[PDB]
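In the form deposited in one PDB entry, a lone chain appears below as structure tokens.
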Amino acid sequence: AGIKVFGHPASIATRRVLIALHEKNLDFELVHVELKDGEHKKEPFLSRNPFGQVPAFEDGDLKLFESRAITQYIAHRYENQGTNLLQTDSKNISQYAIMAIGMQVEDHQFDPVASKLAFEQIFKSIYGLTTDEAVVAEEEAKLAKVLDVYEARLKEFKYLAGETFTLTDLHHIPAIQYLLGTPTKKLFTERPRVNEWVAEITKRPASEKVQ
């Protein structure tokens, strides 16, 4: 009954879902999955996601996993409450496609790089493992290319899909929150439109709630 998120409050992909829920002012329960104990690779969590990755999700009888499938469900199902996470005219197909390009680009070009950066520089550090400086340099060079594209794009429009905040922007927030606490920060601050964009999306109340 109601909306439940099965995840961990430090997980990037879990935070994606949490931010979208807060943006919609939805009530929900966060059910804690203990990653340190391998609970995500055990039953019963495996029956909610056989790939053993947080988050999983429930809205009544509907059971989901994959953060970006979940956010998009939220954005459609609860379109008319709270922040609109779709384009202003959500019935405009070409505008939806432009948002979709940006979502694909986050998923394929931004996230794997940002993830590796956060893993090397933050998560390894929590367990006393040493950061591989070569992976960091290689991954920062990649991220700089992605951010150069974003810079050009943000010269044209206030946000990545157009003039309003959407899922394209939202999906970047958790990884960015973590990378702002690392030397990777410079890559965002040295690009002026990227920097303003980061400042706006991270100061949103929904973003600050999960931080």
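Heads up, when I say rigid core I mean the largest set of C-alphas that superpose within 1.5 Å between the two forms. Residue numbers count along the first chain shown, from 1. Compared with the form deposited in another entry:
Among the candidates 29, 148, 37, 156, the CA atom that moves 2 angstroms or more between the two forms after core superposition belongs to 37 alone.
Other form of same protein, the form deposited in another entry, not the form deposited in one PDB entry:
This part shows the chain on its own.
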């Protein structure tokens, strides 16, 4: 439909992409890739992503993978529709770079820690597996250090990259949606600017659509 997302609706990375599409009011098809049958590890999925992970993506003839490459593509290709996901002046190179810092930070500092915490507290427990409280304590200490940085940043700017909501903020949303269903929620709540930021970005309609 121009646009197809090959993913899984529960996947943090698939949700990143979905949220960006909804922000742009785009029409698309979500094709739910059957992980139980190893569809991700077979042709033709492997021709969309030779690493065999979700999501992959198509916009007409253009074939992409890696969620953050896809969201950037959406933000540029559909720049003049829906929510602007770039900086207000998107051609300003120095402002772009400031947003790029935040995108890197999300990827390196936030996402791995948030992903472990979600797995330990949500995914495991639903089986009968016992959440490893030492992993949870270690990862929460890391996440608290990250969120202390975010708190200081959000004292100076409304959103992470400046005055407006961008890809930097968007990329956090799916992991945060999951963590708000765990006791790790307290880390967000106890930091007042972080708490306001979380409340704002998770109440967006595009965010609620994928939840």
